[PDB]
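J.: Each chain is listed here by its residues.
Number of protein chains: 2
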Amino acid sequence: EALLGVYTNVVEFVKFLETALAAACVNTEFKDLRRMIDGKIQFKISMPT
Amino acid sequence: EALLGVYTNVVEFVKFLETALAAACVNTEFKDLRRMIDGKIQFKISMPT
Numbered sequence: 001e002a003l004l005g006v007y008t009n010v011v012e013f014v015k016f017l018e019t020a021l022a023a024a025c026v027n028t029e030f031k032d033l034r035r036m037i038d039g040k041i042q043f044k045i046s047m048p049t
Numbered sequence: 050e051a052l053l054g055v056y057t058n059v060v061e062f063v064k065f066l067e068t069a070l071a072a073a074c075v076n077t078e079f080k081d082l083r084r085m086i087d088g089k090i091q092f093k094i095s096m097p098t
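Heads up: the sequence lines are chains F and H, in that order.
Position one of the first sequence corresponds to residue 1 (the working numbering), numbered consecutively onward.
Position one of the second sequence corresponds to residue 50 (the working numbering), numbered consecutively onward.
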């Protein structure tokens with residue numbers, strides 16, 4: 001009786017930067033995190049009448 | 050009275066190799082099937098998470 005094969009099953013790596021979900025993101029490199037607590041983004045609306 | 054011919058069927062063959070059934074096949078010539086007992090194929094499935 002004889003063998004006939006051991007078949008390679010490789011799952012390809014899928015990176016985040018190439019899917020166009022990243023068109024709903026603004027990707028910024030970010031050196032450390034746990035040295036930061038709670039960041040902030042500030043607005044200012046001046047409404048003319 | 051008269052004779053009007055030997056009219057005879059001619060059995061054209063049909064290859065297994067030359068149908069379009071054989072697209073569902075992988076046709077390899079083999080030597081000694083009376084010698085083999087049992088073939089075997091191994092699949093190694095990995096699975097990402």
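Please keep in mind that the hints were generated in silico from the structure rather than gathered at the bench.
Built from N, CA and C at the ideal position, the CB exists for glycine as well.
Please note: incorrect hints may appear among the correct ones.
Going by beta-carbon spacing under 10 Å, a handful of chain F positions derived as facing chain H [unchecked claim]:
1. 1
2. 2
3. 7
J.: Hint by hint, say whether it matches the structure.
T.: Evaluation of the provided hints:
1. 1: Cβ of residue 1 of chain F sits 4 Å from chain H, so the hint holds.
2. 2: At 6 Å from the nearest chain H Cβ, residue 2 of chain F passes the 10 Å test, so the hint holds.
3. 7: With a minimum Cβ separation of about 6 Å from chain H (threshold 10 Å), the hint on residue 7 of chain F holds.
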